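Asker: Chain by chain, the residues run as shown.
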Amino acid sequence: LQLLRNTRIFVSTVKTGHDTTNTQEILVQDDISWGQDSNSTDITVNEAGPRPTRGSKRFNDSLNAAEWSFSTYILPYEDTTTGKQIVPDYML
Amino acid sequence: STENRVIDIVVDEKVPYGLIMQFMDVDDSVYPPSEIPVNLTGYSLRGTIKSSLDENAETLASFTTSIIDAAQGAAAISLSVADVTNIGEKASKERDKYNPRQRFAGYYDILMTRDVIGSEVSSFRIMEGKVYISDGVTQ
Amino acid sequence: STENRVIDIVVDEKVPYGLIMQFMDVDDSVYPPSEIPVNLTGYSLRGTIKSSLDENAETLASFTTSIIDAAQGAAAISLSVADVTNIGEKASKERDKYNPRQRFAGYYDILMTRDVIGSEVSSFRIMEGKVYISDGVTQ
Amino acid sequence: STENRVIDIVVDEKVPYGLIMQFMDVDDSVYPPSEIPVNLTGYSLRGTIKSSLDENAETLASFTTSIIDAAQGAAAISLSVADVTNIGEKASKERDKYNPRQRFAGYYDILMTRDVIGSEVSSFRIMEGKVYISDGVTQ
Amino acid sequence: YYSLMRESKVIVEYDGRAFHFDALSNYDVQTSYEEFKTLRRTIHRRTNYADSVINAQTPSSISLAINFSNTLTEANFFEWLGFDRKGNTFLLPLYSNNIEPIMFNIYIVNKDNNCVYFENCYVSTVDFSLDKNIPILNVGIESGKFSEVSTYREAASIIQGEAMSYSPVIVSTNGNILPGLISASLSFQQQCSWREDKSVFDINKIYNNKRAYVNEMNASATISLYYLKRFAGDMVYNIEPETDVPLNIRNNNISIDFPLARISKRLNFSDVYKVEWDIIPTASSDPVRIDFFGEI
Amino acid sequence: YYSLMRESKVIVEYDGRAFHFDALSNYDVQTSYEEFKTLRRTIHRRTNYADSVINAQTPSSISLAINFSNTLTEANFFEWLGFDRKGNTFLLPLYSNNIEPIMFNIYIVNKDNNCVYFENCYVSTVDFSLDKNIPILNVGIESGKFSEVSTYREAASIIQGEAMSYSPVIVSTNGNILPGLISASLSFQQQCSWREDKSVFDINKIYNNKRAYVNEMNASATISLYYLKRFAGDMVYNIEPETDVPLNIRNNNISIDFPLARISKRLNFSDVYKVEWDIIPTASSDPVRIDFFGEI
Amino acid sequence: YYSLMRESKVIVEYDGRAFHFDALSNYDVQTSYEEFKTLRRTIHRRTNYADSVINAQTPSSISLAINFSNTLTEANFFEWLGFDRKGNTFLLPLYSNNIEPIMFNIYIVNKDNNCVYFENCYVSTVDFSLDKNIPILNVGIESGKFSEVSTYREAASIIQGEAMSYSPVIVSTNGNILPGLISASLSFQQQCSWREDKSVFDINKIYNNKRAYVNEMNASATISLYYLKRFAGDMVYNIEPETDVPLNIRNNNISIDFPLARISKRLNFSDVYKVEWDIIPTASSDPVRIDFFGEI
Amino acid sequence: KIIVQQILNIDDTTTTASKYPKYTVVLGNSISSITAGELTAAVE
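Residue numbers (my numbering), protein chains in the order written: chain X, 513 to 604; chain P, 39 to 177; chain E, 39 to 177; chain Y, 39 to 177; chain H, 4 to 299; chain A, 4 to 299; chain U, 4 to 299; chain F, 14 to 57.
Same shape as in the complex, but just chain X:
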């Protein structure tokens, strides 16, 4: 079973040919959240009279856009190969 604490996050500029430059692991605090959600449309006949029809139908219509959030400590450091300062999430 998927345990949330085992979660790891990688971001990339690309779908393929991932490398140490186009792709970056990031730290998180354990307050991460993510997901996607469904919009569903329900219809029923409004009827008069003594012996009305009664049922209903519904249809899945569309999805909302996916949403994500996470939080991170600010952590400036010196890039060991260049002597420049960076933070791990500069790509963001």
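Where hints are given, some of them may not hold.
With a straight-line Cα cutoff of 20 Å, these simulated SDA-like cross-link-like pairs (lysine to any residue) come out [what the hints assert, rightly or not]:
1) P:135 - E:155
2) U:114 - H:271
3) A:148 - U:270
4) A:114 - U:238
5) A:232 - H:34
6) H:148 - A:148
7) U:12 - U:36
8) H:268 - U:59
9) U:12 - P:40
10) H:148 - A:218
11) U:208 - H:267
12) U:148 - H:245
13) F:32 - U:105
14) H:40 - A:110
15) A:148 - U:278
16) U:232 - A:110
17) H:232 - E:118
18) H:232 - U:59
19) P:135 - E:45
20) U:12 - H:273
21) H:277 - U:152
22) H:277 - U:228
These are calculated hints, taken from the structure and not from any lab test.
Could you slot chains P, E, Y, H, A, U and F onto chain X? The hints should help.
Answerer: What follows is chains P, E, Y, H, A, U and F alone, placed relative to chain X:
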């Protein structure tokens, strides 16, 4: 347009049933149309009702058929009271609130052929649809 | 106009019942449409009442039937008082909110035949519906 | 009408380039406005391409320029294939989302002069814009 | 002393009797005067101040919304509208001997003698629907004259009783019930015109309308249904306009019958397909019938 | 550089002076050109492309909403509308020697020289109410010509000052105060027409309107009250239209007087009974008066 | 069995082929019959029951909203509207050899054979905008005849594919891009009239319209911009109407070109100053061009 | 360039395809063209 091949029929139970069909050429040359009866000499009609569209569905009846007039271009098909009574026990048990007598019975299909072959083609599907039975309380 | 075959009936308890009907053929090729009395020679009527559409449902009554004025298209059908008593005994207790004097009792049909041509007969379900009993305090 | 001095250019790789232009003076004092070919005697053209507006930006090419039909106001400007190769080598890799065959390459200007009267000269910036290279798979 | 609609009262006076419509749900009214006005520009003097005079009371419209009441007193509205009456039955006469509509008289009453009186009036419309709600009857009236007054005729036995309980509508033809109802709406009318009477004899007097003549009557209805078919090839419930249909509409307590009617149809491809029937009597039709029944 | 209404400015120029209405609350404006267009269908060639030309600037409407200002500068609107002036007093002249309305000139100013100029204009309406809210004065103007321009005439001493404090309305007749006020609303007008001047001499030139003539002036008002009576049989507060009533309307800081007026009445049976008076001067009435007073 | 728009289907039939516009976003339709009616008042008998007859089907309007689809099938709407076609290019012919518009035929299909068929139709309008939203194409159609029917022609390969991805609009002139766009809106039309054909031969028959003739075509557009100037004294972006402007409008996937156009301008002093351009081709202009490009 | 086509019936033998339906079949449950009065007179 399309041929309007799809037609559905209702049979009144405990009473004989018959349908007549006439084949005509038509020329639209003048306002009263130049319709002409087709010669039906040496043609035959077949048709059956089955409970569902399947390889081994139950068969309820075969139509009685004949040509009444080869030159008026008229064929007829019919069902006896014995056939339609055999229908009325095997059609389904649902009834509509506003229309309690009407019950679904099955699917039907009318097929015509030349009695002596043209060989390149030999038959065609005239018409098709489904059959409902109307319950009745007299004999 | 609407092809209505359907009419409900209201008999009344302790009282014999009778209905008269008049047949007219109406032609709308010319205006206003022309209404003509049907010569009712050689036709005959039947009909029955039973408590449900079911194939086992028991008969409650059958109509007396007679032609009245063949040249005028008049016929009549009727039920004796004893038949009415049987209806009233068998019928529901349930009342009707639009008229609490009426109680449901069964289904009916007045199947009619013609035997005029060639000594050969045919039959069709000219009129159909439900039948109710109205209660009466006068005995 | 709009005083548009500005037009962008699309050269094509591996292929020499050339543009012809026709000069007309249009007078709208009388209707419809009268269009007249400019006598192009004694005028001369220049122009250059370089990779940015910057004062240090390096030159990529300069136009061959010639008058064609002085009485008709015709002149032409052109670039040799080698110049086109230099453009294609220096130009950006970045593509354009409206036409992925086009790549940005620099800025250009075709400054023009007249030396007709009194042996004294004047010059003005008749046309200006960007220049792109279109890629070609045929070599 | 102010006044308040929430404790206003309406009394109708006719035939030397008076009707207290206690169960009023709403009403709306205006009153106004007509004026003649001219500015008389003139090159001697480009006058800027207008010359004007008030002449006449405008014919007020009146509008009422009334709930159906056990003891049925509101049937008198149909009686005044010009139906003939047979106990609780009302009939349209196929042709009518009236010329003037039935004139009647109205008090509006409030506390502190703060009363208003409308002297000549006639009914122009009665209109209601059975649309899945407590059936509310609208009335349109006109009145030709008004005044304020300190007093009103008492009325106490002819009071509109308690409201009748709800019940669902049915529509039928020859005892066939009609599937999938959505609504029924009815209107009845007595179109009239006032005869303009103003004369040079009326100069420097205020003028009123005094008599009107009946132009027309109408009875008409609308029905809304869901689109339904019994089997695909059926013909009975097609779009095409039927004619000479006998048609009957009722609640538990009210019944309306058209012995023969002409039906227009309109279809709307809303999310569920809807059909509207427009109903009218045919020229040969017999008297349309209306009945009322009191709940126990 | 964009532009913003929230920092736009309006300057009025007249008589070789300029008025800075600093205390503007709102304004609305449009500009447009008229065009002639024909499609010239022809059995030789059923042309599909229209032939058309632009000819003239449309006469722009202008609309302004202005708060009342201590230092009273907005009185010049009445002066331009064509009241005669006596210090702070304004009067309608009973008849007028004008034919053309008073022409004047407008700058709209913004940052970055982004300015607009309206060359010939006239006031068509001034209109306001004392309806239990900070009294806001509307103005309707027309202008016959516009253009964009890089600069404007400075104006700095003729600036509309601080807003006057709130105070409640009073209505009175001969010093009788009137019970149960709800609102008072006023309008004043200078109806005019442009003289159409376009000529075949103007062909292939853009054309403008240049002169207009005064058709009419109006002064009129409405009052809304609750319906009240002193005692049931009273006559003074009846519905019937009075005439030759002297009428005076004021706030703390503004006063209007009709020396003689004609009153129409309308009554509305809303939840509390309401009355509207429609007011107009009589032909013999003396000059209506307006006064302004500055708060300390 | 009811019916539902959420599972309705539309099929267009033409040239003995059929087009399945799968990607429908919305549609709206009505149907009705015309009736003749007279009340025949008569001093012998002031009849109250009207005499009336139904004669003809009304010409239905149809309205559709369609998303742009990869595989471009909707280009056939322009083909039917009467553009000439050159692969994916469409052109207005400067003059046209048509008299009748291109007739075509429509099925509306649903479950349970519950189908409807519209027999003679023509396109009257195509209309869309690039206003910062997924571009939705409206169509206005008329049809002269309808009926209900049990069946429809299958269509399965000519199906409108997947929707094209979003992209932002550009406007340009001679490759100058135009600063500060807000919107572009386009419309194209084929104004037509039905020829009224009803005759005394049609008495006691239901009548339909059968033929129409083309009155006009139009192509026109609107653009909304923020007001901007390069430097205060500039002339290129003034208000004054330019003429003979070449104008090009595109997305990633759609391109429209007016080789020469006439521009009206209107300016609005909203909170940020806004300008509207009204666009029309000049009589001498060459064929306006339209192109489509599929996304990869 | 253009191609037109139709189904091949069993009765039509063979002929050039055409831009219209040719045959029509008409259905009913009964004949209205003959009266019982005629048919009886004919037998009688």
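Asker: For every hint, state whether the structure bears it out.
Answerer: Cross-check of the supplied hints:
Note on residue 135 (chain P) and residue 155 (chain E): the hinted pairing is violated, with a Cα-Cα distance of about 41 Å set against a maximum of 20 Å. Only pairs whose Cα atoms come within 20 Å are accepted, and residue 114 (chain U) paired with residue 271 (chain H) is accepted, the gap being roughly 17 Å. Taken as a hint, the residue 148 (chain A) and residue 270 (chain U) pair is honoured in the structure, with Cα atoms around 14 Å apart against an allowance of 20 Å. At roughly 18 Å between alpha-carbon atoms, residue 114 (chain A) and residue 238 (chain U) fall within 20 Å of each other, so this suggested pair holds.
Our distance criterion of 20 Å between C-alpha atoms is met by residue 232 (chain A) and residue 34 (chain H), whose separation comes to about 18 Å. Simply put, residue 148 (chain H) and residue 148 (chain A) have alpha-carbon atoms about 53 Å apart, too far for the 20 Å limit, and the pair is violated. For the suggested pair residue 12 (chain U) and residue 36 (chain U), the alpha carbons sit about 25 Å apart, so the restraint of at most 20 Å is broken. Of the supplied pair hints, the one linking residue 268 (chain H) and residue 59 (chain U) holds, its CA atoms being roughly 12 Å apart against a limit of 20 Å.
Proposed proximity of residue 12 (chain U) and residue 40 (chain P) is supported: the alpha carbons are some 17 Å apart, at most 20 Å. The hinted pair formed by residue 148 (chain H) and residue 218 (chain A) fails the criterion: a straight-line CA distance of about 38 Å is larger than 20 Å. For the hint linking residue 208 (chain U) to residue 267 (chain H), the alpha-carbon distance of about 16 Å falls within 20 Å, and the restraint holds. For the given pair, residue 148 (chain U) sits about 19 Å from residue 245 (chain H) by alpha-carbon distance, which is consistent with the 20 Å threshold.
A distance of roughly 18 Å separates the Cα atoms of residue 32 (chain F) and residue 105 (chain U); the hinted pair therefore holds under the 20 Å criterion. Restraint check: the Cα-Cα separation between residue 40 (chain H) and residue 110 (chain A) comes to about 40 Å, which exceeds 20 Å; the hinted pair is violated. Only pairs whose Cα atoms come within 20 Å are accepted, and residue 148 (chain A) paired with residue 278 (chain U) is accepted, the gap being roughly 18 Å. Under the criterion of a C-alpha separation no larger than 20 Å, the hint pairing residue 232 (chain U) with residue 110 (chain A) is consistent with the structure, at around 19 Å.
At most 20 Å may separate the alpha-carbon atoms for a hinted pair to count; residue 232 (chain H) and residue 118 (chain E) exceed this at roughly 40 Å. A threshold of 20 Å between alpha carbons decides the hint, and for residue 232 (chain H) with residue 59 (chain U) the separation of about 24 Å lies outside it, so the pair is violated. With a C-alpha separation of about 17 Å, the suggested pair residue 135 (chain P) and residue 45 (chain E) falls inside the 20 Å cut-off, and the hint holds. For the hint pairing residue 12 (chain U) with residue 273 (chain H), the CA-to-CA distance comes to about 14 Å; that is within 20 Å, so the pair holds.
Restraint check for residue 277 (chain H) and residue 152 (chain U): the C-alpha separation of about 17 Å stays at or below 20 Å, so the hint holds. Restraint check for residue 277 (chain H) and residue 228 (chain U): the C-alpha separation of about 44 Å exceeds 20 Å, so the hint is violated.
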